[PDB]
Structures are given as structure tokens and as C-alpha cells.
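Enquirer: Each chain, letter by letter, is given below.
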Amino acid sequence: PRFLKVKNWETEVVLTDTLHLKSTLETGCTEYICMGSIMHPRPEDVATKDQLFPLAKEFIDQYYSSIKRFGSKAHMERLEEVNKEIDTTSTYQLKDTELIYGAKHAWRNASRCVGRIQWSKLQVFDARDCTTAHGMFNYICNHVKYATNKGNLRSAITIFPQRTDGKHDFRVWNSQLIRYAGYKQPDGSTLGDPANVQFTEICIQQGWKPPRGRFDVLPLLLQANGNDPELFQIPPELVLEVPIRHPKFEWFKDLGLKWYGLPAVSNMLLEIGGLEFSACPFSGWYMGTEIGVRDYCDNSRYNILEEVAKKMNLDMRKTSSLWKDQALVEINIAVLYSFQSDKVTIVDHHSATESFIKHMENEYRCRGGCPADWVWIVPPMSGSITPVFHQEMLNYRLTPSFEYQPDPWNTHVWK
Amino acid sequence: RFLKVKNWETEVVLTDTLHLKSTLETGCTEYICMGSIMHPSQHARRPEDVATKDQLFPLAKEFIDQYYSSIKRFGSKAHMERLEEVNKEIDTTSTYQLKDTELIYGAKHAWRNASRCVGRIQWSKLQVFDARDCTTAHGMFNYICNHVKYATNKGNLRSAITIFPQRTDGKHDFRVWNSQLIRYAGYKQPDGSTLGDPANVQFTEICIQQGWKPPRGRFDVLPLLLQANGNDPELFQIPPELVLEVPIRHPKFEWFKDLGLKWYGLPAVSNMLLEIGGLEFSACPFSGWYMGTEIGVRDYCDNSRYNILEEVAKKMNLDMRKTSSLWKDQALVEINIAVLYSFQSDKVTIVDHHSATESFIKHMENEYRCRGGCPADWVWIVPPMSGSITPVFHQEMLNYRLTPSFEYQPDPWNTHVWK
Ligand code: HEM
Ligand code: HEM
Ligand SMILES: CNCc1cc(-c2cc(C)cc(N)n2)cc(C(F)(F)F)c1
Ligand SMILES: CNCc1cc(-c2cc(C)cc(N)n2)cc(C(F)(F)F)c1
Ligand SMILES: C[C@H](O)[C@H](O)[C@H]1CNc2nc(N)[nH]c(=O)c2N1
Ligand SMILES: C[C@H](O)[C@H](O)[C@H]1CNc2nc(N)[nH]c(=O)c2N1
Ligand SMILES: [Zn+2]
Numbered sequence: 303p304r305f306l307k308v309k310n311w312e313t314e315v316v317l318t319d320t321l322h323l324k325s326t327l328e329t330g331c332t333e334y335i336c337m338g339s340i341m342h343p349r350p351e352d353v354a355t356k357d358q359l360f361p362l363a364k365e366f367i368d369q370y371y372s373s374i375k376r377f378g379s380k381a382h383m384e385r386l387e388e389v390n391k392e393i394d395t396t397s398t399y400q401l402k403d404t405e406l407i408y409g410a411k412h413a414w415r416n417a418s419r420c421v422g423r424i425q426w427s428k429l430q431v432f433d434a435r436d437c438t439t440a441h442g443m444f445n446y447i448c449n450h451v452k453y454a455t456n457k458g459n460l461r462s463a464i465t466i467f468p469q470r471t472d473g474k475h476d477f478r479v480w481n482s483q484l485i486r487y488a489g490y491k492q493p494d495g496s497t498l499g500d501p502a503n504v505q506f507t508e509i510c511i512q513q514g515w516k517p518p519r520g521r522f523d524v525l526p527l528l529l530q531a532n533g534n535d536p537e538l539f540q541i542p543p544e545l546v547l548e549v550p551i552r553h554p555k556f557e558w559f560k561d562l563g564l565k566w567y568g569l570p571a572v573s574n575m576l577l578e579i580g581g582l583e584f585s586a587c588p589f590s591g592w593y594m595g596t597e598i599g600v601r602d603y604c605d606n607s608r609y610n611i612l613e614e615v616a617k618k619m620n621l622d623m624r625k626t627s628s629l630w631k632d633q634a635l636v637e638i639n640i641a642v643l644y645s646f647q648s649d650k651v652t653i654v655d656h657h658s659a660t661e662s663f664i665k666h667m668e669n670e671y672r673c674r675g676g677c678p679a680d681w682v683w684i685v686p687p688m689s690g691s692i693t694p695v696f697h698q699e700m701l702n703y704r705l706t707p708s709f710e711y712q713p714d715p716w717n718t719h720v721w722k
Numbered sequence: 304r305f306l307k308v309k310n311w312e313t314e315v316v317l318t319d320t321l322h323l324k325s326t327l328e329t330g331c332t333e334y335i336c337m338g339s340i341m342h343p344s345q346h347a348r349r350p351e352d353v354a355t356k357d358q359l360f361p362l363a364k365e366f367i368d369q370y371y372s373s374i375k376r377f378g379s380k381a382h383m384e385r386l387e388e389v390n391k392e393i394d395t396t397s398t399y400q401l402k403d404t405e406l407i408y409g410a411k412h413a414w415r416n417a418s419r420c421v422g423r424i425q426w427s428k429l430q431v432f433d434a435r436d437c438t439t440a441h442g443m444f445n446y447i448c449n450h451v452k453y454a455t456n457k458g459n460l461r462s463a464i465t466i467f468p469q470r471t472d473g474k475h476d477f478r479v480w481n482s483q484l485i486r487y488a489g490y491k492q493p494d495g496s497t498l499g500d501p502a503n504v505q506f507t508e509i510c511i512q513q514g515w516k517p518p519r520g521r522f523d524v525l526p527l528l529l530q531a532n533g534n535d536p537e538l539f540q541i542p543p544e545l546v547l548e549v550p551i552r553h554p555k556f557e558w559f560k561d562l563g564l565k566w567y568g569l570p571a572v573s574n575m576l577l578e579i580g581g582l583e584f585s586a587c588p589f590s591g592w593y594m595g596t597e598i599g600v601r602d603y604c605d606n607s608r609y610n611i612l613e614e615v616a617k618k619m620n621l622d623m624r625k626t627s628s629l630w631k632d633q634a635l636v637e638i639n640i641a642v643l644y645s646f647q648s649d650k651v652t653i654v655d656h657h658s659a660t661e662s663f664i665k666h667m668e669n670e671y672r673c674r675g676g677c678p679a680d681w682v683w684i685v686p687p688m689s690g691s692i693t694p695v696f697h698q699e700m701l702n703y704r705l706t707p708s709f710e711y712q713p714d715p716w717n718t719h720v721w722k
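Sequence lines, in order, name chains A and B. Mapping of the first sequence onto the entry's author numbering: residues 303 to 343, 349 to 722, in sequence order. Under the entry's author numbering, the first residue of the second sequence carries the number 304, and numbering increases by one thereafter.
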């Protein structure tokens with residue numbers, strides 16, 4: 303249209319979205335069916356010259372508008388300069404300012420991220436000169452060290468060279484920089500994180516010597532210039548971990564639970580002006596429920612509800628005792644208490660969602676909207692006692708963006 | 304063209320063709336998703352007031368076709384005569400009348416098609432009370448009382464809908480002004496706070512402004528405000544012996560009962576519009592039984608509702624200085640334990656969000672297997688607490704609009720011209 307309205311049914315606040323008119327890529331929905339809850343709606352899908360020109364123009368135009376230099380001499384020469392590169396080299400190179408701007412705005416545009424109030428405080432590490440897996444390891448270690456900051460976590464991203472022909476991609480094969488291994492046992496059981504069973508097998512196959520324990524930090528599996536990925540052990544002093552204890556339940560520490568302090572997504576693709584940065588690990592800090600609800604309590608994950616409820620002496624014979632709900636809360640209290648006690652940055656789902664509402668309202672004020680994916684923004688527990696549950700949100704895809712990409716081991720041509 | 308939904312816990316993939324029969328816009332486009340907009344679309348199947356023939360007949364034909372298709376006629380003698388009967392009726396009244404079988408089919412299928420309803424595994428077990436002979440608010444009150452008594456069934460709740468006369472010209476609407484048949488009053492206090500149910504403050508004020516004598520308590524069952532044939536609405540007190548209530552106590556916290564909380568047993572939505580073959584049934588109160596989280600999470604713990612979280616947390620002796628103590632989450636669980644314990648103790652039908660969502664997954668698989676799909680609104684189906692430890696959270700869903708359907712409609716006091 304030219305205006306869309308979103309209402310908060312708790313506060314009655316109504317905001318007007320004009321920004322959705324600038325959307326240029328599909329949500330997955332059609333006019334007659336909504337695919338809002340679908341999680342994911349060839350490597351040679353590299354953009355041609357003619358495809359790249361308007362994408363580049365759009366981004367450069369966006370960047371020069373953002374800095375109030377639209378139409379300027381430097382805006383027109385940059386456009387001419389980009390077009391020359393696309394003409395001659397079939398691609399182009401972002402200036403450092405553009406790269407920073409692009410990476411920050413991909414975060415700003417990530418409709419599934421509840422932590423976007425921080426988007427403009429992002430530390431961008433330019434790793435576009437990297438050429439080997441050893442180099443990538445170095446950049447990633449410096450990233451982890453900077454981001455962890457002895458527990459006072461700082462959001463950061465490290466951007467490796469962009470895709471060229473799709474045959475020389477840089478990839479972190481890890482889904483996060485720090486995750487725990489998972490081992491399927493012969494008896495069907497799983498040790499460690501079941502989500503990482505296949506990637507653990509890949510590592511072991513590449514030569515990793517697994518400790519075979521419940522909380523083994525995985526090695527990095529790093530791929531530079533489309534070569535076979537190489538294994539690297541993150542220095543253990545760089546991996547900040549928090550042992551999980553409960554403020555009231557003495558026995559909780561006896562579950563032997565711990566988690567890492569630094570959530571660092573490493574398998575997504577950063578798209579800026581048609582350029583595809585296939586390796587761009589970014590990191591922030593945790594919302595407690597990511598660990599306490601999903602990592603610990605998903606049936607497919609560590610799946611500790613039964614253990615915690617047993618220790619809590621809960622009546623587990625029928626679902627209506629809500630024993631799962633009761634143990635879920637205590638687990639999440641323990642995660643928060645533990646990070647806070649160890650002075651490792653964390654945010655609880657109540658603070659995060661309240662902050663996101665403030666962020667959303669500010670984005671509407673200054674930007675004309677804030678794309679938001681309700682299905683992901685609402686925390687995985689206690690949904691409606693958080694303010695975002697009652698917040699209408701419009702979802703739409705702006706670029707620069709973070710995009711999913713196939714797991715590398717499905718498409719990699721081994722040398 | 305033919306869409307798959309995956310459950311990320313089980314890796315069960317379902318393949319949806321039923322969406323190809325969807326008629327109305329969701330509100331989304333290829334470029335915007337309105338999945339969390341409460342009312343994303345005003346796309347209606349028929350225009351403002353009484354449709355012309357070329358507007359109403361095609362809708363009628365489509366529903367009659369669907370009904371006779373459903374019973375493995377289609378083109379049968381009775382189907383073709385029905386089309387001519389509907390055709391003649393629209394020619395001579397600008398509307399048409401549903402047979403009892405069509406009405407029952409339509410009501411059950413509007414429920415079957417309600418993408419936001421997690422209870423739909425019961426859809427074909429629906430008692431339909433035909434009230435299309437009703438002419439006055441007194442008659443509506445009589446019909447609603449019978450509905451309430453039948454549906455309540457001394458605590459063994461039974462799904463029911465009562466269907467009053469369809470809209471004719473729009474000036475003669477039958478409306479239940481209550482949003483549910485049984486809700487508690489909300490009172491605006493002189494000191495600015497609110498007593499009772501804040502959602503119902505405005506409707507409570509209409510009732511008082513209509514002559515209702517509020518007892519001014521926290522659990523005052525609202526009177527019925529019934530409108531028949533476009534006339535001014537009339538107040539009626541539901542006989543309290545028909546209004547089953549459950550005192551809320553806790554199986555461990557002996558002090559919980561001293562909070563003086565209760566809730567009613569029967570959720571009976573009464574402000575929605577039932578749409579069948581272009582017919583608009585503007586008064587179609589329907590009821591089932593509660594999912595515990597509707598009372599314990601939304602009714603009791605929404606900020607602009609009863610908001611009893613601090614009260615319960617205080618009794619539980621929780622650290623309420625910061626959020627990260629998760630004191631709201633702890634009290635929230637205890638309230639929902641209490642709600643379930645209270646209803647089950649009093650042998651009043653209720654379902655917890657774990658079993659209700661599990662049944663819905665089973666309903667989805669049934670529907671894909673026999674019907675080629677099942678429209679489902681994830682935003683509404685996932686419960687308001689402990690989302691991801693329920694299976695629906697991990698279930699991709701396709702949302703699309705099938706007819707017959709339940710629709711929202713304006714609150715009649717924004718519309719009604721008094722006399
Ligand atoms: C700084 C603190 C941050 C917090 C508390 C936070 C919180 C979250 C949470 C809870 C999720 C959902 C994760 C899940 O449920 O699996 C998420 C998703 C996401 N975050 Fe953030 N985040 C933060 C920082 C960042 C940063 C620094 C970036 C990028 C530079 C980022 C980009 C994203 C993206 C792209 C997604 C969703 C990916 C998708 O589309 O599925 N976030 N965030
Ligand atoms: C019998 C047990 C039933 C259960 C457990 C159940 C459960 C629910 C719940 C929890 C909701 C969401 C309500 C809210 O969050 O405010 C809902 C919505 C709904 N229910 Fe059911 N329900 C049942 C029966 C019925 C019946 C008998 C009908 C109609 C004949 C019906 C029609 C609907 C509709 C149309 C909606 C969505 C209304 C909208 O679009 O806003 N339900 N149901
Ligand atoms: C259970 N969390 C796993 C997970 C966590 C995060 C995430 C990312 C960042 C930067 C911060 C944070 N706090 N979380 C992002 C994703 C994904 F893949 F969706 F982007 C998944
Ligand atoms: C939070 N309760 C309010 C509410 C309850 C229900 C509802 C309806 C039925 C038949 C059963 C049930 N268990 N619930 C339906 C709605 C609405 F408006 F969406 F249709 C709202
Ligand atoms: C099927 C559904 O889309 C899927 O389970 C989603 C639900 N919402 C989510 N929300 C967040 N934050 N993270 C998730 O992984 C998911 N998974
Ligand atoms: C903004 C959002 O769509 C709105 O608050 C919805 C969210 N999901 C819901 N889900 C249910 N079951 N009931 C509701 O009232 C709502 N409210
Ligand atoms: Zn949509």
C-alpha cells in the first residue's frame with residue numbers, strides 16, 4: 303500500500319510501517335497462504356554481471372543515503388567505480404565503510420533476532436585478505452578473544468572473502484564457533500549434544516581425536532578458497548565456560564552441566580549489495596532461554612527435563628502436573644544465576660523482549676519500520692508474560708541480510 | 304504449488320494440497336508476512352449489505368457443491384434440485400435458507416477450518432442447536448440457557464454451537480453483545496485501578512448504563528446483552544445454577560485457595576460471525592472446554608487482565624527485584640498447576656497444553672492423511688507458556704483460509720443505532 307499499521311494489544315500502541323515498501327526479496331508467503339512458521343522457505352548460483360549491477364547500485368544508493376551523501380560527487384563516482392569493476396572483473400570490492408555499514412544493517416534487518424537493539428554497536432573484523440585455513444583460524448581466534456572479553460561480551464563479526472565463482476568459497480563448517488560434540492553410542496543413547504552428532508562424525512573423520520565426553524568443545528573445521536577444510540583446536544584458554552548451578556538447589560551443580568559463554572553463529576551467509584560473504588561468523592551474548600530451554604530441554608538436545616524433575620521430586624506420572632514446565636523454569640533460573648555469578652554477559656527473556664519492543668518502537672520512529680518474525684522473537688517459554696507476545700509485527704526481507712546456506716559437506720567437491 | 308511442512312523434532316514431513324481450495328487472502332504477500340497481525344485481511348466473500356444475485360449465488364453454489372461433494376453425490380438429483388431451490392429462493396428473497404444437514408455440515412466445517420483453534424481434533428463431535436426460528440431477545444436468552452446447560456453437562460463438557468437467524472439486510476442483525484457467554488465484570492475504580500476483569504470494563508459499563516446492578520466484585524458474572532432482529536439489546540441474568548465455576552486451589556500451596564480465585568468452566572465464544580455459503584450468522588455462540596493455559600496464563604496473568612502474578616509471587620516469597628530471578632515464570636507455572644488441579648478435582652473438563660498440543664499434532668496428521676492438509680496458525684496454536692516443550696512449537700504449519708469459517712466482526716456498540 304503506502305502505510306501498514308501494527309498494534310500492541312497490551313499497550314494499544316499503534317505504529318505505522320512504511321519501510322516494508324523497500325523490501326525486495328520474498329518472504330515465502332503468497333497472497334492466499336502464510337508460511338510464517340516455515341523455518342527455511349546450486350553453488351553456481353553466483354550472480355551474473357547483469358544481475359549484480361542493480362543489486363550493487365541499490366546498496367551503494369542505500370549507503371550514500373544513510374550518510375546523507377545521496378547524489379553527491381563521491382556517490383556518483385563510487386557508482387561509476389563499482390560498475391567498472393562489475394564490467395571488468397564480474398564482481399566488485401566493498402570499501403571498508405560499506406562493509407561495516409553492510410554488516411551492521413544485515414544485523415539490523417535480521418527479523419528473527421531479538422537482540423537488535425545493539426545492532427549499531429557491532430565490531431566488524433575485515434578478513435577479506437585471508438587466503439588459507441590457518442589464516443581463518445587466526446582471525447577466528449582473535450574474534451573469540453575480542454568478543455569474549457573476559458566475560459564482558461562484545462558483539463563482533465569477522466568477514467572472510469566473498470564468493471567468486473562458487474568454487475572458491477570460504478566456509479566455517481561449524482554451525483557455531485564454539486559448540487559441544489555429540490557422540491552416538493552403540494546402544495542408541497547420545498553423549499554430548501545430539502544436534503552435533505553428524506558434524507562430530509565429520510570432524511572425527513577428518514582426523515579429530517575426540518575426548519568422548521559430554522562437553523567437548525568441537526574443533527574448528529575451516530575452508531578457505533574452496534579447498535578441503537582443515538581442523539584446528541581453539542585454544543582452551545579462549546573458550547569461556549560457565550558451570551551451571553542453582554541459587555537454591557544444592558544438587559543442581561551435581562548434574563555436571565556447563566555451557567560456553569559466547570554464541571557465535573558461523574554457518575550463515577552475509578549478503579551485501581549482491582556480494583555473498585559465505586563465511587562471516589558473528590557473535591553476541593546469550594539470551595538465557597537459548598541455553599536453558601532449547602539447548603538443555605529440547606527432546607533432540609541435552610534433554611534434561613526428566614533428570615531435573617526427578618531431582619526436584621516432581622510428580623512425573625501425568626503431564627497435567629506440569630512437571631516439565633516446573634523444571635524448565637528452575638533450569639533457566641540456574642543458567643541466569645550461573646552466568647551472572649560468573650560475570651558472563653547474559654540477558655533473560657524478559658529484559659531482552661522489553662528491550663526489543665523499545666528497539667522496535669525506535670526503528671519505527673526513525674526508520675519507518677522494523678521487520679520482525681514473531682514466531683522467533685517470542686521466547687520459547689513463558690511467551691505471553693513477555694511484551695513481544697502481544698506485539699503485532701510485520702515480517703519482510705531487507706538487504707543487506709543474513710541468509711541460510713546449505714551445509715558445506717552436502718555441496719563440497721573434495722580434492 | 305504443493306507445499307510440505309516439516310516437524311523438526313520428528314522429521315515427519317506432510318504434503319499439503321488442501322491449500323489449493325483456499326478462497327480468501329491471508330493478508331500476506333510474497334514480500335510481506337502478516338502472520339502475527341490479529342486481523343490481517345478484510346477480504347470477504349460477499350460485499351457490504353444484501354448482495355445482488357450474481358454476488359450471493361456463486362457463494363451458495365460453491366457451498367452446496369461442497370456439501371453434496373462431501374456426501375458423494377454431486378450432480379445427484381437432490382444436488383441439482385437444491386441449486387434450483389437456492390436459485391429460486393435468492394430470486395424471491397435475496398437470500399436462501401440452509402437445510403438442517405447443510406447447517407450442521409457448515410458449522411462443523413467452520414470449526415474444522417479454524418486455523419487458530421488447537422482443539423479441532425473434536426471438530427466432527429459438535430452439537431448444533433438450530434435457533435433460526437428465534438425472533439426476540441427473550442428467545443435468544445432461552446436458547447443460550449439451554450446451550451449452556453447442555454454444553455456444561457454437570458462438568459462433563461460437550462462442544463456445542465447455537466445458530467440464530469442469519470443476517471438479512473444488516474439492519475436486523477441477531478447479536479450476542481457479550482464476547483463470551485460467561486465473563487466477569489470489570490470495574491473502573493475511583494483511584495484509577497481496576498476491579499475484576501479489565502478486558503470487560505467497557506462492556507461492563509454498557510451493562511451498567513443499560514440498567515444492570517453490578518454487585519461490584521472481582522468475579523461478577525456479566526449479564527447477557529442480547530440483540531434480536533436489530534432491536535435494542537436486552538439484559539438477562541444467566542441463572543447461576545447454570546454457570547459452573549471452579550474455585551482455584553493448589554495441590555501443595557495451602558494458601559493458594561485463600562487468594563479467593565475462581566473461574567467459570569465453560570468457554571463460549573459469542574461475538575464471532577459464522578459464514579456458510581455467503582450466509583452470515585452473526586449470532587452463533589459456540590463452546591467447548593478450556594485449555595488450562597487460557598485461564599492460568601492469559602486470563603490470570605496478562606498485564607491488562609487479572610494480572611495476579613505479583614500477588615502469587617509474593618505469597619511464594621520470590622525475589623521480585625529483577626527479572627532474571629524468573630519469578631513471573633515460577634508463579635506462572637504454579638497458577639497453571641492450580642488451575643488444572645482445581646478443574647480436575649471438581650471433575651470439570653479441562654485439557655493441559657501438553658496433551659492438547661499433542662492431540663493437535665495427531666489431528667494435523669489425520670487431516671493431511673485424509674484431507675490433503677490442515678490450515679493452522681502457529682502464532683495461535685503454540686501455547687502462551689512453555690512453547691518449545693510442546694510438539695506444536697517444532698511443527699511447521701501452513702495457514703490459509705477455507706470456507707465455511709468463523710470470522711470476526713465489529714463489536715455491535717460501534718455499529719448499533721439505538722431507538
Ligand atoms: C548481542 C546480543 C544478541 C542477542 C541477545 C541475540 C538474540 C538472538 C536470539 C535468541 C536468536 C534466536 C536464536 C535461536 O532461537 O536459535 C537470534 C537470532 C539471530 N541473530 Fe541475534 N542476538 C544477538 C546478537 C546478534 C548479532 C551480533 C548478530 C549478527 C551480527 C545477530 C544475528 C542474528 C540472526 C541473523 C539471527 C536469526 C538467523 C535466522 O534468520 O534464523 N544477532 N538472536
Ligand atoms: C472442545 C475443545 C476446544 C478447545 C480445547 C479449544 C481450544 C482453543 C484455544 C486455546 C483457542 C485460542 C483461544 C485464545 O487463545 O484466545 C481456540 C480458538 C478458536 N476456537 Fe477452539 N477450542 C475448542 C472448541 C471449539 C469449538 C467447539 C469451536 C467452534 C464450533 C471452536 C472454534 C474456535 C475458533 C474459531 C477459534 C479461533 C477464533 C479466532 O480466529 O480468533 N473451538 N480454541
Ligand atoms: C539456541 N540458540 C542457537 C542459535 C543462537 C543464535 C544466536 C546468535 C547470536 C549472535 C547471539 C545469540 N544470543 N544467539 C542464532 C541462531 C541462528 F542460527 F538462528 F541464527 C541459533
Ligand atoms: C483466552 N480465552 C479467550 C478465548 C477462548 C476461546 C475458546 C473457545 C472454545 C470453544 C474453547 C476454548 N478452550 N477456548 C476462543 C477465543 C477466540 F476469541 F479466539 F475465539 C478466545
Ligand atoms: C516450526 C517452527 O518454525 C520452528 O520450531 C521455530 C519456532 N520458533 C523458533 N524460535 C526461535 N527463536 N528459534 C527457533 O529455532 C525456532 N524454531
Ligand atoms: C500480536 C499477536 O498476534 C497477538 O498478541 C496474538 C499472539 N498469539 C495468540 N495466541 C492465542 N492463542 N491467543 C491470542 O490471543 C494470541 N494473541
Ligand atoms: Zn505470512
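The reader is advised that the hints may include incorrect statements.
Capping the alpha-carbon separation at 27 Å, the derived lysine-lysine pairs in DSSO-like fashion look like this [stated by the list, open to error]:
#1 B:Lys650 - A:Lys618
#2 B:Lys625 - A:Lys650
#3 B:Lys650 - B:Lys457
#4 A:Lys402 - A:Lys356
For the record, the hints were derived by calculation from the structure and aren't laboratory data.
Enquirer: Identify every previously stated hint that the structure contradicts and give their numbers, smallest first.
Expert: 1
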